[PDB]
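Given chain A, put chains B, C, D, E, F, G, H, I and J in place with the hints provided.
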Amino acid sequence: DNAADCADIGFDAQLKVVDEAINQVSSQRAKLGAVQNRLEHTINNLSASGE
Amino acid sequence: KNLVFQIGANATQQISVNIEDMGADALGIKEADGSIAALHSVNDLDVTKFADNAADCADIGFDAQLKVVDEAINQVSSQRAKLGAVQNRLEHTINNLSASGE
Amino acid sequence: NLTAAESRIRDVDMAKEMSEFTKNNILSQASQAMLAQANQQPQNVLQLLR
Amino acid sequence: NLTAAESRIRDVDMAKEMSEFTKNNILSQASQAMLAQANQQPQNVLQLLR
Amino acid sequence: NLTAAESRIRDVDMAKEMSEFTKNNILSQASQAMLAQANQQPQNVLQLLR
Amino acid sequence: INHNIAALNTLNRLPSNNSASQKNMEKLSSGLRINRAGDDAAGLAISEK
Amino acid sequence: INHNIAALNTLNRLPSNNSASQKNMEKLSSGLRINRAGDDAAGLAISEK
Amino acid sequence: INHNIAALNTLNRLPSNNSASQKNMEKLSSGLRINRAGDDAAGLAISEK
Amino acid sequence: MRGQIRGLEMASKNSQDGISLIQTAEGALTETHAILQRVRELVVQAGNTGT
Amino acid sequence: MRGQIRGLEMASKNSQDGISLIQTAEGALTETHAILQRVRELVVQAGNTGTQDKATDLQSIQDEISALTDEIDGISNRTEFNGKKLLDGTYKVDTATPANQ
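From first to last, the protein sequence lines are chains A, B, C, D, E, F, G, H, I and J. In this note's numbering, each residue's number is its place in the first sequence (first place is 1) plus 11. In this note's numbering, each residue's number is its place in the second sequence (first place is 1) plus 43. In this note's numbering, each residue's number is its place in the third sequence (first place is 1) plus 122. In this note's numbering, each residue's number is its place in the fourth sequence (first place is 1) plus 122. In this note's numbering, each residue's number is its place in the fifth sequence (first place is 1) plus 122. In this note's numbering, each residue's number is its place in the sixth sequence (first place is 1) plus 530. In this note's numbering, each residue's number is its place in the seventh sequence (first place is 1) plus 530. In this note's numbering, each residue's number is its place in the eighth sequence (first place is 1) plus 530. In this note's numbering, each residue's number is its place in the ninth sequence (first place is 1) plus 2. In this note's numbering, each residue's number is its place in the tenth sequence (first place is 1) plus 32.
Just chain A, with the same shape it has in the complex:
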C-alpha cells in the first residue's frame, strides 16, 4: 500500500523497529556482559581475599 512515504507503514520505522530491537538486545547483552565481568572479578576477589 505504501513503501516509503508514511514511515509508519513505509519501511522506515519498521526497519528501525528491527534495528533498535537489535540495539536493545545488544545493550541488554552489554548490561549482562558487564555483570558477567563483575562476577569474574567478584569470584577472583572472593577466591583471593578468601584464601
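Each hint should be verified, as a subset may be incorrect.
Unchecked claim - DSS-like mimics (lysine-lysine), calculated; alpha carbons at most 25 Å apart, straight line:
{"hint": "1", "chain 1": "F", "residue 1": "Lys553", "chain 2": "I", "residue 2": "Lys15"}
{"hint": "2", "chain 1": "G", "residue 1": "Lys553", "chain 2": "C", "residue 2": "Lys145"}
{"hint": "3", "chain 1": "J", "residue 1": "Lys45", "chain 2": "J", "residue 2": "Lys116"}
{"hint": "4", "chain 1": "C", "residue 1": "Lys145", "chain 2": "D", "residue 2": "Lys138"}
{"hint": "5", "chain 1": "J", "residue 1": "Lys117", "chain 2": "J", "residue 2": "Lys45"}
{"hint": "6", "chain 1": "B", "residue 1": "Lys92", "chain 2": "B", "residue 2": "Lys110"}
{"hint": "7", "chain 1": "F", "residue 1": "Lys553", "chain 2": "C", "residue 2": "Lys145"}
{"hint": "8", "chain 1": "B", "residue 1": "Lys92", "chain 2": "H", "residue 2": "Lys579"}
{"hint": "9", "chain 1": "C", "residue 1": "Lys138", "chain 2": "F", "residue 2": "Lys579"}
{"hint": "10", "chain 1": "A", "residue 1": "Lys27", "chain 2": "J", "residue 2": "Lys116"}
{"hint": "11", "chain 1": "H", "residue 1": "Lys557", "chain 2": "H", "residue 2": "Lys579"}
{"hint": "12", "chain 1": "G", "residue 1": "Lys553", "chain 2": "E", "residue 2": "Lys138"}
{"hint": "13", "chain 1": "B", "residue 1": "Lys110", "chain 2": "B", "residue 2": "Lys73"}
{"hint": "14", "chain 1": "B", "residue 1": "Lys44", "chain 2": "B", "residue 2": "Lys73"}
{"hint": "15", "chain 1": "I", "residue 1": "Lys15", "chain 2": "D", "residue 2": "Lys138"}
{"hint": "16", "chain 1": "A", "residue 1": "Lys42", "chain 2": "A", "residue 2": "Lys27"}
{"hint": "17", "chain 1": "G", "residue 1": "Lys553", "chain 2": "B", "residue 2": "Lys73"}
{"hint": "18", "chain 1": "J", "residue 1": "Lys45", "chain 2": "J", "residue 2": "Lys124"}
{"hint": "19", "chain 1": "I", "residue 1": "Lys15", "chain 2": "J", "residue 2": "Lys116"}
Stated by the list, open to error - Restraint-style ranges between C-beta atoms, simulated for each label pair:
{"hint": "20", "chain 1": "F", "residue 1": "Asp570", "chain 2": "E", "residue 2": "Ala158", "range": "26 to 34 Å"}
{"hint": "21", "chain 1": "H", "residue 1": "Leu574", "chain 2": "E", "residue 2": "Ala155", "range": "54 to 62 Å"}
{"hint": "22", "chain 1": "J", "residue 1": "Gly35", "chain 2": "C", "residue 2": "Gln165", "range": "21 to 29 Å"}
Treat the hints as calculated values from the structure; they're not laboratory data. Ideal Cβ positions, reconstructed from N, Cα and C, are used throughout, including at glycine.
Structure of chains B, C, D, E, F, G, H, I and J alone, referenced to chain A:
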C-alpha cells in the same frame, strides 16, 4: 504504482521506476488525441481514408500517422532509455553492494 | 507444409538438446562429487571423535 | 528473460557455495577436535588429582 | 550511407569482441583458480595449527 | 570441575556445522539455492509462479 | 585468520567476469554491439530512428 | 552461476538465423521474393491480379 | 554491521531481480520496436504505393 | 608495561578496524570512480556526437547520466560503516571552523 526497488540496507533507500508504454500508447500528445496520437497504432486509419486523402488532412493524410509510428518508436526508445538507465543503476548498485558489502 | 508441421511436432533444438545433455551430465557429476563428499564427512565425524 | 529472473531466484554461486561447504566442513572438524580435547582435559583433571 | 551510419552504431569489432570474450573467460578461470586457492590456504592454516 | 565438561556449546555447534554443510551440499547437488524446504518460500513461490 | 577468507573480491569479480563474457557472447552472437539492454539507449534509439 | 547459462538469447537467434537463411533460400530457389507465405500479401495480391 | 550485510545481500537479490525485470520489459520493448519498424515499412506501403 | 600491551593490543584492534573502514570507503570510491569513467564517456557522448545527437537522445543520455548521479549519491549515502556515513561529504569537512570536521 511506482515499481520502486529496495536497495539500501537502510529502509526507503529506493529506486523509483516508471513504465507507461502499451499498444494503445503511440505519439502521446497528452494521451490519445482521438483517432490520431494513440489510435492509428490501435485503429489503423489504413482502410480507405488514406486513399480518400493522402496528404492534405494530416489526420488521414499520412503525416500524423507516420508521426504516430515515429514517436511511438521514440516513446519505446525513451522508455528503453529509462529502463537502460535503471539497468546501469543496478550494475553500479550491485557493484557497490558487493564491494562495500565485502 | 504437412511435413513441416509434423517436423515442428518432432523438431529438436539440437543446440539446446545437446546443451542440456551436457548440463545434465555436469549436474550428474556434480551430484556425484556431493555423494563422495557426503561419504567423506561422517568418516571424519567418527574418526575425529572415536 | 523470465528464465533469467527465475534463475536469479535459483542461482547458486557454486564458488561461494562450495567454499562454504568446505568451510563448514572445516568448522565441523575443528569443533570435533575441540570436543576430543574437551574430553581430554577432565581426564587429566582427575588422573592428575585422583 | 544511412545503413553505413547505422552500421557504425551497431558495428562490432568481432576481432576485439572475440578477443575480450576470450580474455574475460581467461580472467574468469583465473579468478576461479584464485578462489580454489583461497579455499586451500585456510585449510592449511587450521590443519597445520589445529 | 571435571564431570560436566564436554565443551557443550561446541557440541551444539557440531550438528549445526554439519547441518550447514548439508545445506551447502543440498544446494550444490541441485546446483540451486532453491530447496524443497520452505525457507524463503516467498522466493520459492515467486519462481514457482 | 582462517574462517572468513574466501578471496571475497575475487568472488565478486567472478560473476562480473562471467557477466563480461556473456556481454561479449551476446554481441558476438548478434554480431552487433546493439543489445536489447538499454545500455547506450541513445545510440540504440539513434540507429532505431 | 553455472547451471542456467546456455547463452539463451543466442539460442533464440539460432532458429531465427536459420529461419532467415531459409527465407533467403526460399526466394533464391524461386528467384522470386514472392513467397507462398502471405507476408506482403498486398504486393502478392497486386501482382496476382 | 552484520545486520547491514544481511539487508545488503537481500538488497542485492532485489537488485538482481530488478535486472531481470527491467531486462524482461526491455527485451519486450525491443520486440515491440521491431514490430514498429515493420509498421513504418507498412506506412510507406500504406503510402498506397502513393495512390 | 602490561598496561602498555593491553592498550597496544586494543589499539591494534582499532588499527585493523581502521583498515576495514578505510578500505570500505576506498572501494566505494573506486566504484564511484568507475561510474565517473563511464560518465566521461557520457560527456564525449554528451558531446552531442558533436552536434549530430538531437535533444531526444540527449535526454536519453541524460537519463543514463542522472541515473548514474543517483548512483554516486547512493555510494556517498549507502557507505555507512557502523552506521557512520563515511562518504558523507559534509561530515568531515574542515570548513572555516575546524570543529565542524
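| message | For a quick check of understanding: which of the numbered hints are violated here, in increasing order? | response | Hints 17, 22 not satisfied by this model.
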